[PDB]
Amino acid sequence: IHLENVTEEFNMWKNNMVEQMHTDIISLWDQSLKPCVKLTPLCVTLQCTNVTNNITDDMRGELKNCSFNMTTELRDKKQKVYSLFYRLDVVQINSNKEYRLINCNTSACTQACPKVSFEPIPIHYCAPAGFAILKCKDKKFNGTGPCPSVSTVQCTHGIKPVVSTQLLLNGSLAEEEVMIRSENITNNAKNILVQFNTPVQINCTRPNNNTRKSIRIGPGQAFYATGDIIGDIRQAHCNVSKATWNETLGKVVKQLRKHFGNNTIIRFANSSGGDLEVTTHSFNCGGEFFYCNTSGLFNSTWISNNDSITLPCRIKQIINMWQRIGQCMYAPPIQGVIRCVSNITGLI
Amino acid sequence: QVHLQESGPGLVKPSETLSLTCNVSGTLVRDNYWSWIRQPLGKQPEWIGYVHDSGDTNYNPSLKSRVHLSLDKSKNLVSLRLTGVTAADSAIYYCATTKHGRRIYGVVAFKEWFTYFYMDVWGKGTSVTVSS
Amino acid sequence: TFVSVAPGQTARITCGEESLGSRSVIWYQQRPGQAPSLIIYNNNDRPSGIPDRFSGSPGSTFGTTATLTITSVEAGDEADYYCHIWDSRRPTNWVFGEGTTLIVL
Amino acid sequence: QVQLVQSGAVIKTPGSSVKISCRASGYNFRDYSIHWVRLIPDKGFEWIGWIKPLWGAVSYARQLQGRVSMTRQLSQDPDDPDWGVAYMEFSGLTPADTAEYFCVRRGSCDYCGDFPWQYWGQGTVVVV
Amino acid sequence: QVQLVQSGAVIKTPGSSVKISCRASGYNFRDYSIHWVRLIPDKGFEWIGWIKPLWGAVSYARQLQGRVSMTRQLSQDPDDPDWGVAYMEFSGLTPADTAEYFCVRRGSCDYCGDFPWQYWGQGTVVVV
Ligand SMILES: *[C@@H]1O[C@H](CO)[C@@H](O[C@@H]2O[C@H](CO)[C@@H](O[C@@H]3O[C@H](CO[C@H]4O[C@H](CO[C@H]5O[C@H](CO)[C@@H](O)[C@H](O)[C@@H]5O)[C@@H](O)[C@H](O[C@H]5O[C@H](CO)[C@@H](O)[C@H](O)[C@@H]5O)[C@@H]4O)[C@@H](O)[C@H](O[C@H]4O[C@H](CO)[C@@H](O)[C@H](O)[C@@H]4O[C@H]4O[C@H](CO)[C@@H](O)[C@H](O)[C@@H]4O[C@H]4O[C@H](CO)[C@@H](O)[C@H](O)[C@@H]4O)[C@@H]3O)[C@H](O)[C@H]2NC(C)=O)[C@H](O)[C@H]1NC(C)=O
Ligand SMILES: *[C@@H]1O[C@H](CO)[C@@H](O[C@@H]2O[C@H](CO)[C@@H](O[C@@H]3O[C@H](CO[C@H]4O[C@H](CO)[C@@H](O)[C@H](O)[C@@H]4O)[C@@H](O)[C@H](O[C@H]4O[C@H](CO)[C@@H](O)[C@H](O)[C@@H]4O)[C@@H]3O)[C@H](O)[C@H]2NC(C)=O)[C@H](O)[C@H]1NC(C)=O
Ligand SMILES: *[C@@H]1O[C@H](CO)[C@@H](O[C@@H]2O[C@H](CO)[C@@H](O[C@@H]3O[C@H](CO)[C@@H](O)[C@H](O[C@H]4O[C@H](CO)[C@@H](O)[C@H](O)[C@@H]4O)[C@@H]3O)[C@H](O)[C@H]2NC(C)=O)[C@H](O)[C@H]1NC(C)=O
Ligand SMILES: *[C@@H]1O[C@H](CO)[C@@H](O[C@@H]2O[C@H](CO)[C@@H](O[C@@H]3O[C@H](CO)[C@@H](O)[C@H](O[C@H]4O[C@H](CO)[C@@H](O)[C@H](O)[C@@H]4O)[C@@H]3O)[C@H](O)[C@H]2NC(C)=O)[C@H](O)[C@H]1NC(C)=O
Ligand SMILES: *[C@@H]1O[C@H](CO)[C@@H](O[C@@H]2O[C@H](CO)[C@@H](O[C@@H]3O[C@H](CO)[C@@H](O)[C@H](O)[C@@H]3O)[C@H](O)[C@H]2NC(C)=O)[C@H](O)[C@H]1NC(C)=O
Ligand SMILES: *[C@@H]1O[C@H](CO)[C@@H](O[C@@H]2O[C@H](CO)[C@@H](O)[C@H](O)[C@H]2NC(C)=O)[C@H](O)[C@H]1NC(C)=O
Ligand SMILES: *[C@@H]1O[C@H](CO)[C@@H](O[C@@H]2O[C@H](CO)[C@@H](O)[C@H](O)[C@H]2NC(C)=O)[C@H](O)[C@H]1NC(C)=O
Ligand SMILES: *[C@@H]1O[C@H](CO)[C@@H](O[C@@H]2O[C@H](CO)[C@@H](O)[C@H](O)[C@H]2NC(C)=O)[C@H](O)[C@H]1NC(C)=O
Ligand SMILES: *[C@@H]1O[C@H](CO)[C@@H](O[C@@H]2O[C@H](CO)[C@@H](O)[C@H](O)[C@H]2NC(C)=O)[C@H](O)[C@H]1NC(C)=O
Ligand SMILES: *[C@@H]1O[C@H](CO)[C@@H](O[C@@H]2O[C@H](CO)[C@@H](O)[C@H](O)[C@H]2NC(C)=O)[C@H](O)[C@H]1NC(C)=O
Ligand SMILES: *[C@@H]1O[C@H](CO)[C@@H](O[C@@H]2O[C@H](CO)[C@@H](O)[C@H](O)[C@H]2NC(C)=O)[C@H](O)[C@H]1NC(C)=O
Ligand SMILES: *[C@@H]1O[C@H](CO)[C@@H](O)[C@H](O)[C@H]1NC(C)=O
Ligand SMILES: *[C@@H]1O[C@H](CO)[C@@H](O)[C@H](O)[C@H]1NC(C)=O
Ligand SMILES: *[C@@H]1O[C@H](CO)[C@@H](O)[C@H](O)[C@H]1NC(C)=O
Ligand SMILES: *[C@@H]1O[C@H](CO)[C@@H](O)[C@H](O)[C@H]1NC(C)=O
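Chains as they are written, first to last, in the working numbering: chain A, 1 to 348; chain B, 1 to 132; chain C, 1 to 105; chain D, 1 to 128; chain E, 1 to 128.
Hint data in this document are derived by calculation from the structure and do not stem from the laboratory.
Positions of the beta carbon are idealized from the N, C-alpha and C atoms, including for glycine.
Hints are not guaranteed to be accurate.
[Unchecked claim] Here are the simulated distance ranges between beta carbons:
| no. | chain 1 | residue 1 | chain 2 | residue 2 | range |
| --- | --- | --- | --- | --- | --- |
| 1 | D | 13 | A | 24 | 50 to 60 angstroms |
| 2 | D | 78 | A | 348 | 30 to 40 angstroms |
| 3 | E | 16 | B | 101 | 51 to 61 angstroms |
| 4 | A | 105 | E | 71 | 45 to 55 angstroms |
| 5 | A | 86 | C | 8 | 47 to 57 angstroms |
| 6 | D | 77 | A | 97 | 24 to 34 angstroms |
| 7 | B | 53 | A | 296 | 32 to 42 angstroms |
| 8 | A | 44 | B | 17 | 47 to 57 angstroms |
| 9 | D | 77 | E | 114 | 52 to 62 angstroms |
[Said to hold, decoys possible] Okay, derived cross-link-like pairs now, DSS-like style, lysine-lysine, Cα gap no bigger than 27 angstroms in a straight line:
| no. | chain 1 | residue 1 | chain 2 | residue 2 |
| --- | --- | --- | --- | --- |
| 10 | E | 52 | A | 115 |
| 11 | A | 190 | D | 52 |
| 12 | B | 73 | B | 99 |
Could you build the full structure based on these sequences and the hints that come with them?
Shown next as structure tokens:
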């Protein structure tokens, strides 16, 4: 319901209900793990070799083929069963070459249920009776201060909840131009949210054809591992268009010169360092977690006067989402070549 | 038109350095790759390896030490030296030109391709035999 | 490895290990007493001098054997055949495959 | 209480690299950022950088890039979630870098920003 | 989607017994009944029987008793509960029984009864 002659002052940074969304999604994410299986008999001695591949001594194979003792459904008999993992999930314990999982000394990893998926669906947060929600419909609204055209609504619009560290996906596009937002510009410990108008199409794929293999842990307990790699052993990657990326970086340069004067030299360099999922951009392409290198994007300089950027990724199976002290999660392998099309909407 | 011609001793005493030569006709040593291939009687051939200027001289890792390939740009020939002739070394040997070519299956920038070899023309052979 | 087909008919000669990934096969032939000679240098590519009807299995198939398809055979095709697979997963084959012989009526 | 324990003062040679630890205890280590600051005589203070120990996201001063590095190690047990270790590896040592270093944390009030560092370590003297 | 996958067409001898499978996928298999129906040229359709795969409770047509049999096998895993297999073993084969067979499921609407079979398999030809 569009209002008249009204003006309220808003503040996105001291706002409530973003904390509530964070707590609700964390607790609901925890709630979809209790019916699923704990990998208690899986933290075990792993006899790993190199994956069968033409080995290059300068590079490294990103797959280790591990066979191990596993308990059958019967408590007396145990079997020898093999699987495939990445370098980023196993570590060498100290001739012989025996490995272990990286989470053997912090937590038992709850295996995610392969029935449930991780695609986003729009949640609308509706207010109870006696409360209302006000949305600001001003175009040039930098998210702080008085907005001149607000309108009340009973429920919010579609919020597809994405898990994206850098380069937020599937967002809400801006109206007519790029808009940068911050709590305090001269504060360099405050992140700057860039939301631009036209979306950037990004394709991402794993071209390696995998085989789901079931292993029986016990009665009613199934462990889904990687079987054979059908075809070529390739590196999973992503693509953006070169021209639209250069154009949109020109757009954010044009908008960034409003806050620092015109005669300013703006350059884009990659992330400085930290863990894996804060220096590289991480996302979830249909129940499969990619960690893609963004050095090919933020590599530019800007003076005050058909191709496509491909970028490689790494694939992890065990995750430590929200960095809890004792809560890790295995992710099951999924069949076939996996590709997804998404829209880069903004930057952090 | 190209045709090649080898030459050798034919009779070899054991534990002796074997050496073979390979003539040219038409195309010189600089214009193309070169290769040596050996084959015993009634057997499949064994590609010994390939030789070219600018370090393109990768050898069979089975032998890897007792065999050395070389060129002769002064006289425009190909040459091979062997070390430690055993009884298995009795075979007919071939110098032959070959051509490369990129088989590409994935991304070119991620080195998801390779270079295969194939010998278009061949020599005629030298029946090397080790005996005392 | 003895395959015989009364002349003018078709012919399928298999050779080598089963495929693992993408491959680049090379087919050579060998008359008795002669040097070898190239017939196929790619999965299905031939150079000049050798005619058609010597078709090859494409390397895009996963988990098959390399074949060599010959139609309208003759006494000139009576030779020893050899394969040289170049798989993108297996290492470099410094030796050839197994000798498959063709003989005609 | 909020406690920040450094290491002892160290003497290095020019061209070496000094590793200075900073153990924090008495609060939830994953929530608050860690800044590094220096004090040089006849130069005053000079800012180095910050690191958020939740992931390890860092930011350095512009004139010190390529020389400094920051890591962290969290406490992974459900019994002691409070303590944590931050690091600072300073490379490219010159005799100009003889100074006293501090690893600091902001206050916990509502109007408290990030740069008004309330809690301070005891300081570490680096002489080259 | 609701998918019903039969087996291929088969050729049998008189006096044998043909086993026809029916794999169902895309819905909760334990809830909806499975009927079997036949189509004979110059005879039209003719009813065989039904089976509820929740227990295997069956009912046969009267004039085909002693010859037909219906079983099922459920999907026992918490990851793929949707699919399921029904069977029909038809014995006492005569040359009159050369026909096309269908395993069918009713609709899911509220006024939908049991016999208005919405979803149909692709049909299996049996020639004697
Ligand atoms: C993100 O972006 C990145 C990059 O931006 C993307 O990465 C790209 O990904 C694609 C697909 O993943 C890759 O494509 C592969 O390319 C290689 C190389 O192709 C080149 O070379 C071929 C052969 O070279 C010969 O011909 C050229 C002339 O064209 C000549 O110059 C050269 O000297 C040599 O003589 C060319 O044929 C090919 O051209 C083709 O593509 C053109 C594109 O527009 C098109 O115009 C042409 O008409 C032609 O169609 C190109 O120049 C290919 O080799 C490879 O295809 C083979 O491999 C796959 C997997 O094994 C298989 O499925 C294919 O069928 C094909 O295998 C056939 O070809 C072999 C060649 O010998 C043959 O041996 C095989 O047995 C098989 O042969 C069968 O089919 C052929 C007919 O095709 C028949 O003749 C045979 O008898 C037999 O029946 C792929 O196409 C890119 O390389 C890669 N990188 C770049 C930089 O682009 C990434 O995909 C993006 N991701 C997303 C999500 O968007
Ligand atoms: C940003 O927003 C876009 C827009 O939605 C998202 O793109 C979609 O992502 C989802 C999840 O990855 C994709 O869904 C999956 O698609 C696979 C491909 O099949 C498609 O095509 C066939 C044939 O047309 C259709 O029948 C099918 O519905 C899909 O459209 C499917 O194989 C997947 O199905 C499997 O999983 C589901 C999970 O419930 C099972 O029910 C199925 O039985 C099957 O096992 C799945 O449907 C979707 O295709 C994408 N859309 C497009 C247009 O590409 C981005 O993913 C999102 N960004 C991020 C980071 O998530
Ligand atoms: C399986 O993987 C192996 C790698 O272990 C790979 O072997 C390599 O093959 C190439 C050609 O097939 C060999 O030759 C190289 O070719 C390039 C292209 O011209 C040259 O630039 C290289 O020269 C560099 O390296 C030399 C030392 O090797 C130096 O002397 C030179 O100055 C250059 O620095 C080189 O000649 C390559 O040598 C091998 N690798 C090794 C370790 O020997 C094989 O081809 C792969 N097989 C398949 C089927 O994919
Ligand atoms: C994200 O992507 C970037 C590139 O898109 C990637 O950067 C590259 O990383 C490698 C190693 O991590 C860098 O180092 C190279 O490694 C090889 C290994 O042998 C060296 O031989 C290379 O030296 C060559 O190049 C030198 C300079 O030209 C020569 O002096 C030398 O003789 C060799 O020819 C080189 O050291 C590589 O340089 C970068 N690329 C760039 C453009 O900086 C980065 O690693 C990715 N991110 C992550 C987290 O992996
Ligand atoms: C941001 O971009 C820079 C520019 O390349 C990246 O720096 C590079 O980092 C890699 C490691 O990730 C360095 O590789 C080195 O390889 C040798 C090989 O053994 C190894 O000994 C070293 O320890 C190191 O791993 C590379 O030299 C380095 N290049 C430069 C010019 O600094 C940086 O990694 C990028 N950051 C992110 C988060 O992507
Ligand atoms: C991983 O290693 C296992 C061995 O533990 C491999 O399985 C064997 O593969 C060989 C090659 O075909 C067979 O001869 C054996 O019979 C297999 N044994 C078993 C128990 O399966 C497996 O192929 C390897 N996987 C990969 C991707 O390299
Ligand atoms: C199997 O994997 C091991 C690693 O556990 C490889 O050993 C080293 O690998 C690196 C890079 O892959 C090379 O630079 C080293 O030279 C390797 N060490 C040695 C002693 O060679 C090993 O090469 C892999 N392959 C085999 C056949 O063992
Ligand atoms: C699976 O279990 C078998 C049985 O314990 C393990 O095999 C033993 O390995 C040790 C160490 O190499 C030997 O001393 C024993 O003699 C082996 N016993 C038998 C019966 O083989 C094996 O290591 C386990 N893991 C795998 C991957 O097979
Ligand atoms: C966001 O826009 C508001 C105005 O709608 C800006 O707030 C004013 O900024 C000027 C400086 O340009 C100050 O003099 C005023 O006192 C500010 N008013 C209020 C109520 O804060 C604000 O600076 C803008 N923020 C950003 C990051 O651009
Ligand atoms: C990944 O591998 C599977 C094999 O496990 C491929 O599925 C086969 O597809 C062919 C034709 O596409 C069928 O004839 C086979 O019957 C299928 N086999 C199985 C077991 O399903 C699958 O197509 C591969 N993926 C891609 C993208 O090629
Ligand atoms: C990203 O993927 C889309 C497909 O999902 C690509 O769009 C196709 O582009 C080709 C030309 O390259 C057209 O012929 C198709 O009609 C397009 N299809 C669709 C559905 O858009 C797009 O090119 C890809 N982008 C990059 C950079 O690779
Ligand atoms: C920068 O230039 C624009 C002209 O496009 C002007 O409107 C703006 O005021 C200038 N800003 C500064 C800080 O000079
Ligand atoms: C940055 O761009 C230059 C030139 O465009 C390129 O050579 C370099 O590889 C890029 N940086 C990285 C880390 O790839
Ligand atoms: C778990 O083991 C790894 C590998 O040694 C080690 O780096 C890590 O500190 C260990 N974690 C704990 C809590 O001991
Ligand atoms: C369990 O075992 C019985 C006996 O072999 C078998 O009939 C049944 O199908 C099995 N169930 C599953 C889910 O494998």
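* Hints the structure fails to honour -> none
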